[PDB]
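Participant: In case you want the letters, here they are:
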Amino acid sequence: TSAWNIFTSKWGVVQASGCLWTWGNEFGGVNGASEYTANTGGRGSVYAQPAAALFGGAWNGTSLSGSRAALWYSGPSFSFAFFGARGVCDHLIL
Amino acid sequence: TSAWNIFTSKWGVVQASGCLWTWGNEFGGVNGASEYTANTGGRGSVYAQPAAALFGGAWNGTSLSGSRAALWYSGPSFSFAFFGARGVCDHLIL
Amino acid sequence: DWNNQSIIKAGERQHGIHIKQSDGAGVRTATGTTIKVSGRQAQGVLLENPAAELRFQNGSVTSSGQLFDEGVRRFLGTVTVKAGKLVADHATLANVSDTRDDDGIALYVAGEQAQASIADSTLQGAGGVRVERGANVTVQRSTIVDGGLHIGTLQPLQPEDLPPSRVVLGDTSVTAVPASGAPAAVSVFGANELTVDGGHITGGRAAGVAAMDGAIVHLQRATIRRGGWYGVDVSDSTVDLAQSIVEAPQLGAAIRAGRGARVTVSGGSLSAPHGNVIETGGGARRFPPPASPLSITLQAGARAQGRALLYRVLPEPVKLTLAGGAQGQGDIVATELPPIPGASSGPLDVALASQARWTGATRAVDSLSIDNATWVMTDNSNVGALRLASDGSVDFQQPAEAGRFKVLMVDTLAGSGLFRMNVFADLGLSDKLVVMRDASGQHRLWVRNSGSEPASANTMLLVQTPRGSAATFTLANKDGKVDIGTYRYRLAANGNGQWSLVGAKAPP
Ligand SMILES: [Mg+2]
Numbered sequence: 287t288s289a290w291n292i293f294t295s296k297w298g299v300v301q302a303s304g305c306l307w308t309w310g311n312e313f314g315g316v317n318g319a320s321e322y323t324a325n326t327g328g329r330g331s332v333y334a335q336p337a338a339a340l341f342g343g344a345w346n347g348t349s350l351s352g353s354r355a356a357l358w359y360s361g362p363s364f365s366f367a368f369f370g371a372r373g374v375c376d377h378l379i380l
Numbered sequence: 287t288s289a290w291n292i293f294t295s296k297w298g299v300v301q302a303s304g305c306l307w308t309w310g311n312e313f314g315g316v317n318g319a320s321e322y323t324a325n326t327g328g329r330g331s332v333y334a335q336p337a338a339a340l341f342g343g344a345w346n347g348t349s350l351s352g353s354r355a356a357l358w359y360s361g362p363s364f365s366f367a368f369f370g371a372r373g374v375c376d377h378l379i380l
Numbered sequence: 038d039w040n041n042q043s044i045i046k047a048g049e050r051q052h053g054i055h056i057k058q059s060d061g062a063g064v065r066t067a068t069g070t071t072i073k074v075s076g077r078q079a080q081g082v083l084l085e086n087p088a089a090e091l092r093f094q095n096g097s098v099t100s101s102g103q104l105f106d107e108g109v110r111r112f113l114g115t116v117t118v119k120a121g122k123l124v125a126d127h128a129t130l131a132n133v134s135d136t137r138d139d140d141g142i143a144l145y146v147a148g149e150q151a152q153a154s155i156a157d158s159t160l161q162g163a164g165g166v167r168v169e170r171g172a173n174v175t176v177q178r179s180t181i182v183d184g185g186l187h188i189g190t191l192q193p194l195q196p197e198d199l200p201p202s203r204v205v206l207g208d209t210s211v212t213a214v215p216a217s218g219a220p221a222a223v224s225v226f227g228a229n230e231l232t233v234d235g236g237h238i239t240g241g242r243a244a245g246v247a248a249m250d251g252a253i254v255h256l257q258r259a260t261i262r263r264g292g293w294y295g296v297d298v299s300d301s302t303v304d305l306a307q308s309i310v311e312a313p314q315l316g317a318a319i320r321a322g323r324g325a326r327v328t329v330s331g332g333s334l335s336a337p338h339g340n341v342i343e344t345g346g347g348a349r350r351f352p353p354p355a356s357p358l359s360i361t362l363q364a365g366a367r368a369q370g371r372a373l374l375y376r377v378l379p380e381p382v383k384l385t386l387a388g389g390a391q392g393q394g395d396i397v398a399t400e401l402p403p404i405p406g407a408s409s410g411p412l413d414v415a416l417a418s419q420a421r422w423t424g425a426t427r428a429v430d431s432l433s434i435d436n437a438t439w440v441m442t443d444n445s446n447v448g449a450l451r452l453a454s455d456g457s458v459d460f461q462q463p464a465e466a467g468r469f470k471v472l473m474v475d476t477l478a479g480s481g482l483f484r485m486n487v488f489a490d491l492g493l494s495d496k497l498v499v500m501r502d503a504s505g506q507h508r509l510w511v512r513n514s515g516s517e518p519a520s521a522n523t524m525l526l527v528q529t530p531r532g533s534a535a536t537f538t539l540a541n542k543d544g545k546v547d548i549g550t551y552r553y554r555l556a557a558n559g560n561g562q563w564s565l566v567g568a569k570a571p572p
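Residue numbers (the authors' numbering), protein chains in the order written: chain A, 287 to 380; chain B, 287 to 380; chain H, 38 to 264, 292 to 572.
It is possible that some hints are incorrect.
Restraint ranges, calculated between C-beta atoms of paired labels, are given here [said to hold, decoys possible]: (1) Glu107(H) / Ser295(B): 54 to 62 Å; (2) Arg50(H) / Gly373(A): 38 to 46 Å; (3) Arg350(H) / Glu312(B): 16 to 24 Å.
Just so you know, these hints were derived from the structure itself, not from any lab. The beta carbon of each residue, even a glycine, is placed where N, CA and C say it ideally should be.
With these hints in hand, go ahead and build the complete structure from the sequences.
Facilitator: Below, the structure is given as structure tokens:
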């Protein structure tokens, strides 16, 4: 109900918010089972695992979405069809 | 009640601690409402939003302040006159 | 319709009894009809018709398959009602499976037209009973063996629309075994109602009962034990405790409330031998408007015992109220340091009313008001604003150690009350009441002899007040005197509001 370019950022980030939650590289918020759970696709267990951040909001999100929309509920092993990712890296000057 | 230079780091960081809390770039500690809150200067909504670290202590936590002093209570939308910031960045050798 | 049969469907996604959304529109019924479904993603009973009523008696519905729908990835139960009425009588509903694979939900009622009335039945599997999304359930004389009861949830990644769920329990007994992982034995999230009438709520990883995000929970003649754990955990929602009993371990509290919670305890009992009876805070929600400053009321003869009667988590305001002859012995403590040095903190306000009785000590209470009640003070104490009325008293407790006096310090004093105080005449020492900023009103002092036979007659300071305070005190021992051995003492105010007890040799 809104055109893709409605969500284009100052620096031309396309679909910046309100389309998909992007996984973040921060941990905090809702923790999970306070006992060693094996949910890392067979690569060990996690104890009292903090949620991974998700930013921007998704298409369903309504008016929650935006440049600062943040959801600290989902564990790193959760998966949903509105959870994607965007990439970042440092600026190199030489 | 004590002079500014009492709070001067080994590296010449002036008022290193116990003058003003600096906001940090790490999340954890006390979470906010486990429910969507539009408190982001009107740029989306947070959910189970963890505290954003505060470091050093301010002028009025006497014994509490110091190089490892850390408060994980304040939501990122909190605003007080004991909360400022100190910048950092990488060291580049070429 | 179904009689003494043995419907077993190992068939995958094959439901023991299924009633189609547009099947026949009428009353079904089944007796002694034991069911078993091993087929993965297939419930024992699935009811889906807003017009069909299913009656299930003396049977036994069980499933082993890994149940769950991909209609927003929520994992169903061995009997699921999504539309229509279910009537269960003397039934076993079991769900055997895995931890990681299945949740083990025995009963699942969800939807604006989903109804269930479990009577004399028993439900098991590590998922328990789950109700949500506008459903109505009534459970009587039954057992939730291991999975617990769970009404509603928090945000399923989207806006929660409205329609409330109502659940009524007639002396059943809900348990949540440590094995089941479940965080609370009973839990109500969102705008939903639970009425409990008698029974044993036992279990929970973290709490016995959890009510959050606007729940209404009426617990009546329930009994709540573990089997740091909390008995009842509240939020921004209403919890009422009538004639119930709540016990808590050392590491815990009988009640935790925070974020604008409203708790009423009438009758019953709350004990926490080595912990707190009531805890306040731990989950930050900061708004400048004074909403419903989280309040706890112990009324109608409530009993409450622990190492502290109220522990405040700091930087939320609290309003503790003992009324209707309730009695609580604890201590009332705060954290000493606030989280943010130099910001506003609201008050810790206690109100002792109609016949009530707190027995303890404090240096955390901001504003205490005793009114036709009594604070039996057990040790040195600090209160901001003290206010009395209608025979409100502050009974200094008689020390077991002779010579050991207690002191109450107050910022401001107002109204009119009585103070029972201890006197050690032979030592020339007495309990003291110090008011530091402002004193006013008519107060009465009643002296208790607690160190008999004085060598001489010697003055003993009893009350200290500011400048030229407006407060009057009068010795309430009859005839305005106390006879300690062969000596008579009277109260005299001297200079700048300092009321001493003078006395000399008693008239022959
Ligand atoms: Mg980090």
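Participant: Are the hints correct? Go through all of them and say.
Facilitator: Now the hints, each set against the structure:
1. As the Cβ distance of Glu107(H) to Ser295(B) is approximately 57 Å, the hint placing it in 54 to 62 Å holds.
2. For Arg50(H) and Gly373(A), the Cβ-Cβ distance of about 40 Å falls inside the hinted range of 38 to 46 Å, so the restraint holds.
3. The hint said 16 to 24 Å for the Cβ distance between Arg350(H) and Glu312(B), and at roughly 21 Å that hint holds.
In terms of the numbered hints stated before, the structure departs from none.
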